[PDB]
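For chain M, the structure is supplied; the task is to place chains P and R on it using the hints.
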Amino acid sequence: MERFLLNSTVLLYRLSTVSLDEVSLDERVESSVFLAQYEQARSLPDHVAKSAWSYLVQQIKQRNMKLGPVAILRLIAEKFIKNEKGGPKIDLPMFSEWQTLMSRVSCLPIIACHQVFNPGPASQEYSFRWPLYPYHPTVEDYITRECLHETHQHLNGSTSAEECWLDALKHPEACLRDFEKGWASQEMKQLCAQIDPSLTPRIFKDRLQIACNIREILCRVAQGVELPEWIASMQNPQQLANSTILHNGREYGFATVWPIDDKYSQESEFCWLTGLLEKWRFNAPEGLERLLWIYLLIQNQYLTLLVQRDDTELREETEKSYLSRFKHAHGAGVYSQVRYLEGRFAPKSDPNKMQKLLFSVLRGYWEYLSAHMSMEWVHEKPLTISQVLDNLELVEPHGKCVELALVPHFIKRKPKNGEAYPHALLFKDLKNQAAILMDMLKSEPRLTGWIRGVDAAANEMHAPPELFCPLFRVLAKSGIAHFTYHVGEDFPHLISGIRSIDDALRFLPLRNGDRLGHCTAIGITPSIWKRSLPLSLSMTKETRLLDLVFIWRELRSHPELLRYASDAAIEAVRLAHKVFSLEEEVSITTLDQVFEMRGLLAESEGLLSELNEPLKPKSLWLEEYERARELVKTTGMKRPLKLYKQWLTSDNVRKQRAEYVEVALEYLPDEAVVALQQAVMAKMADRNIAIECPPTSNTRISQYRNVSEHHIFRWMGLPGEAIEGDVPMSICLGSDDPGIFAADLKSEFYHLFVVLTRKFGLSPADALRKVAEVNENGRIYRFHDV
Amino acid sequence: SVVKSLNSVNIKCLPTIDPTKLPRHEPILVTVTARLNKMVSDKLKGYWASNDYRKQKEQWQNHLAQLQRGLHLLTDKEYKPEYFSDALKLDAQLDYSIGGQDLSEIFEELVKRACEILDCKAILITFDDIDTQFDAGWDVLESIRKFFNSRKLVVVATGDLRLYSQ
Amino acid sequence: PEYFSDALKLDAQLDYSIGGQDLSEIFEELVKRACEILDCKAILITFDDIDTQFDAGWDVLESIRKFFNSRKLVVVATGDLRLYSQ
Numbered sequence: 001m002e003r004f005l006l007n008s009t010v011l012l013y014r015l016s017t018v019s020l021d022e023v024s025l026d027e028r029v030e031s032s033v034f035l036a037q038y039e040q041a042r043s044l045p046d047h048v049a050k051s052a053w054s055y056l057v058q059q060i061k062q063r064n065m066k067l068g069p070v071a072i073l074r075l076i077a078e079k080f081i082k083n084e085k086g087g088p089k090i091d092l093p094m095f096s097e098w099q100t101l102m103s104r105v106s107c108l109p110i111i112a113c114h115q116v117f118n119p120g121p122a123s124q125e126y127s128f129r130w131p132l133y134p135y136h137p138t139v140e141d142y143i144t145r146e147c148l149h150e151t152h153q154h155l156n157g158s159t160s161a162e163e164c165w166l167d168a169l170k171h172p173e174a175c176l177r178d179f180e181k182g183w184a185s186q187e188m189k190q191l192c193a194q195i196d197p198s199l200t201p202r203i204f205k206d207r208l209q210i211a212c213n214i215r216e217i218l219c220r221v222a223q224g225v226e227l228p229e230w231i232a233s234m235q236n237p238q239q240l241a242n243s244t245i246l247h248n249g250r251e252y253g254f255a256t257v258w259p260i261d262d263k264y265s266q267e268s269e270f271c272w273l274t275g276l277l278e279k280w281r282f283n284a285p286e287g288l289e290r291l292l293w294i295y296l297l298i299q300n301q302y303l304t305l306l307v308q309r310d311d324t325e326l327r328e329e330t331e332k333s334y335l336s337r338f339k340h341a342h343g344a345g346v347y348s349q350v351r352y353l354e355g356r357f358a359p360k361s362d363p364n365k366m367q368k369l370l371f372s373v374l375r376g377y378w379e380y381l382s383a384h385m386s387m388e389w390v391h392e393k394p395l396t397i398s399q400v401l402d403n404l405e406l407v408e409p410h411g412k413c414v415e416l417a418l419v420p421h422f423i424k425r426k427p428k429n430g431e432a433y434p435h436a437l438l439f440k441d442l443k444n445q446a447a448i449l450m451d452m453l454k455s456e457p458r459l460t461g462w463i464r465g466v467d468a469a470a471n472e473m474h475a476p477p478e479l480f481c482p483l484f485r486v487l488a489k490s491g492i493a494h495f496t497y498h499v500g501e502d503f504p505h506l507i508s509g510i511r512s513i514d515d516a517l518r519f520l521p522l523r524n525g526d527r528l529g530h531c532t533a534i535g536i537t538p539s540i541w542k543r544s545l546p547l548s549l550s551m552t553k554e555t556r557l558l559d560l561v562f563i564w565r566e567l568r569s570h571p572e573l574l575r576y577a578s579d580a581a582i583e584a585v586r587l588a589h590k591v592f593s594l595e596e597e598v599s600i601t602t603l604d605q606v607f608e609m610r611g612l613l614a615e616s617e618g619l620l621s622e623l624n625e626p627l628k629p630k631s632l633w634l635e636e637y638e639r640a641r642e643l644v645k646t647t648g649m650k651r652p653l654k655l656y657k658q659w660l661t662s663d664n665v666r667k668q669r670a671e672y673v674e675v676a677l678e679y680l681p682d683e684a685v686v687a688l689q690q691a692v693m694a695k696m697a698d699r700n701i702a703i704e705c706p707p708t709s710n711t712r713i714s715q716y717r718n719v720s721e722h723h724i725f726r727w728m729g730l731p732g733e734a735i736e737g738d739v740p741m742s743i744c745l746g747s748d749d750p751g752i753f754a755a756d757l758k759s760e761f762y763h764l765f766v767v768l769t770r771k772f773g774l775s776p777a778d779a780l781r782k783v784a785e786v787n788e789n790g791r792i793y794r795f796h797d798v
Numbered sequence: 088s089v090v091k092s093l094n095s102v103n104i105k106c107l108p109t110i111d112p113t114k115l116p117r118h119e120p121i122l123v124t125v126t127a128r129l130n131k132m133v134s135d136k137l138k139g140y141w142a143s144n145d146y147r148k149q150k151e152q153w154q155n156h157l158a159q160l161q162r163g164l165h166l167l168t169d170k171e172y173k174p175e176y177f178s179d180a181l182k183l184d185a186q187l188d189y190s191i192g193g194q195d196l197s198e199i200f201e202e203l204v205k206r207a208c209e210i211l212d213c214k215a216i217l218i219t220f221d222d223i224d225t226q227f228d229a230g231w232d233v234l235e236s237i238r239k240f241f242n243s244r245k246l247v248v249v250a251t252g253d254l255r256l257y258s259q
Numbered sequence: 174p175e176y177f178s179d180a181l182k183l184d185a186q187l188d189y190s191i192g193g194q195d196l197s198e199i200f201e202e203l204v205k206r207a208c209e210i211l212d213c214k215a216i217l218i219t220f221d222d223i224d225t226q227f228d229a230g231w232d233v234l235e236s237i238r239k240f241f242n243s244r245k246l247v248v249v250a251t252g253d254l255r256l257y258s259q
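Protein chains in written order, with the entry's author numbering: chain M, 1 to 311, 324 to 798; chain P, 88 to 95, 102 to 259; chain R, 174 to 259.
Chain M on its own, in the form it takes in the complex:
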């Protein structure tokens, strides 16, 4: 129950309002602990829960301490953290539990507690910047020889989430506005009440201000200096919401001065906390003891809120934080632990905004090289795009320093109603965003060696994957030369999710060596996917119709799964009459022909605009405009085309498409869905397109009971988890949204290695090779130029 005393909504409420003088709170925390653990882990039985809490209670009594953070961290510190040759690390058997814990508790206090009570040998100089990783000689030496190859990092923002908490302390007014701006939208309002209903923008400033003032108060105790005597007027933590405490009517304040200049740095927090817990090694005053409890509860609350909200501050955080990011990715030691890094970023419409961020990243990367590559550059202070590229052309890749390849990723949006076709406002922004990228790239053509890929990672139901066909193909003629998609992670139906990936394969201009992101659709076993789902799901008619036309495509070829193909083709024709409202006869062959022409751009002449229009002045789009035009005119068959215009520019058809329909959960039997998934594998392995795999510590699927059931093991071919007839693919490694606080690619690498050795029972030599194949596939399909 050590994970419910550090991240719990009700306990924060039940301790914030309780005055410091009273100490009797065991009956109030215990009631809070059980209630909090119920709303977090609802499946935990009470008799296990009641016994577990009592066991913790008597353990503290045995250790002769007082219940609180100073004691809770100690039990966790002696539970997880174990010293080794590399310093404080995490023991292998309990690494998986730590990753489950890390989604709720920031690690920084634990190492601070561990260092004070269980210090390293001979007090060797220890510098903590990276999250703790387990130690295994078979793995750590593999990194030394062949460095890791990361594929999906969002450079927009800092390295991990723990240090973003410090940024929230540094910018109390900015983080409030970002929360308030999000709180205006309904999704954040639901999400905030999802974590804690008693959360308001007024309260959020209150909570953050309390944490800042508690930090100042405890720093005085950590420094060893006596309290500044206004603690006499200290009765409730609500006093810490105003930064002004009045004692005897005389002016006072909470802020102090720190030994280091930057009080909101990573080093400052560790020196403060280690010093603080050093002075409480035997006993602690209860009033300040609870104050530390509030700070940890507040810190975990914001981290819990931040992770979920992820699934202004951006401008201020997007200047020279990349140098810390690359240094964080490089890790300790002379040579970086990650060699091939693919940092993604979100393009912006205004050319000045996009140019400024691109310069910042490239300048930041050069600063990282200049600290290691002690070699004379052409320009000592580049301070401009051109001087960065000239400086960067002098470096050679010799397998030691991080190599970068930026990949802008577009953001899909909700289909705005109107404008004669589904996504016009969305496509106008994307057409503009790529236009800024392409012309700016042509202004400095040397950027084609760094701007290598294009992605699109917002959601799936918002915009179909086929919408990116015209905008990608023009970018291909612009010299980008690598296209990746973030497809198949979210879907309303498993069979429908299969269609989305196969929409990407068939429609997107993916050449040999491209990649896909989060292909969870072809990963989840249909039996596993059906866990805890209603007996009949719901999905939009248009998404349903594209499913029915697709399921006919890959099942009529199947000699024994014909009944499903035949029934689908029959009832797809039934649904087409519902959608198109047509009165004549349309066959399944005509439906497929209609749906194979959905990759064309809407604004192509002869399809939506008038056929007799004057010719546009030779853009990179005229190849796209006339290509979708001539092939539509030719083949002597315009009957499918006129159906398609209603599919785009008909008031009734567009309304009927958005109307939802009811689909049975087990519409296809368990084996039937597997047939589609193995059909995707054969198609994409033929095209030789890799798959980005999300971190396995990400409990975002909400379908897997533990990590051992994760679909990544099915792809790699683990016995007991591989379905017969599967076609092995190429799987790369990536850590974009791990869903935990402090994460890194090395931790994800170890997480995979641990599960194979323990759960699946594999020898360390054999276990490494399977996870080494994933780490190398990130190098075979690297977007970095040769």
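There could be a bad hint or two in this list.
What the hints assert, rightly or not - In silico DSS-like links for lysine-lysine, alpha-carbon gap of 30 Å or less: (1) M:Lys393 x R:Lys205; (2) R:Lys182 x M:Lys332; (3) M:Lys89 x M:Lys339; (4) P:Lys150 x M:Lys263; (5) M:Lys170 x P:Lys91; (6) M:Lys428 x M:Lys412; (7) P:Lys182 x M:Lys181; (8) P:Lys91 x M:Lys263; (9) M:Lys628 x M:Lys428; (10) P:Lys170 x M:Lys181; (11) P:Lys136 x P:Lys91.
Because the hints were derived from the structure by calculation, they are not lab data.
Positioned in the frame of chain M, the structure of chains P and R alone reads:
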């Protein structure tokens, strides 16, 4: 001559300031706080982490943060409505004469806190000629009549009084 | 501020005659390269009238006396001087 004479009760002598030798848009109260802050930062750094140093510097950092918000409206030309929700703040300490965020009583304590720290009974602010460009001298005249009113501060100006009339 | 760090940039090669920031002397060095590539002893610039819009003609005259100084470039100008006088 005056600054040399008083550098020998005790009256601390600020380095002489002049709006002429400054950017045109720069205010005057922000400068005197800046000019006073350097004269209190030099002394505290002399202590170099003493027990008294920590207590005194804690008093300084607490008070300056109070002045930053009240003055922050004067920093920007347009006064956004968000300040009004942030401008209001309950406080009975420091003997707030009037509520909201007003610098008349905040700055007086700031001048006061200097006197205990600097062990002086008066604060002296000396000016220079504004005959060179008296157009910007209005902000000096407004700051001297708005935020220079304490019994424990003395201010010395100069120039041709007919230019002030002009 | 980006212009500030754009200027004041330290270059040690190409032997700039004037220190600091200057457009005239770098332009002459640029003229040198163009003359040598096109193997001409000098390069000629010919300007037209400003009768229709001589408001920009003020920019024409200043650019000549600001950037057109060295001997390797020669200018041929036209226009009623009394128009230029006004």
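List, from low to high, the hint numbers that the structure doesn't satisfy. 5, 6 and 8
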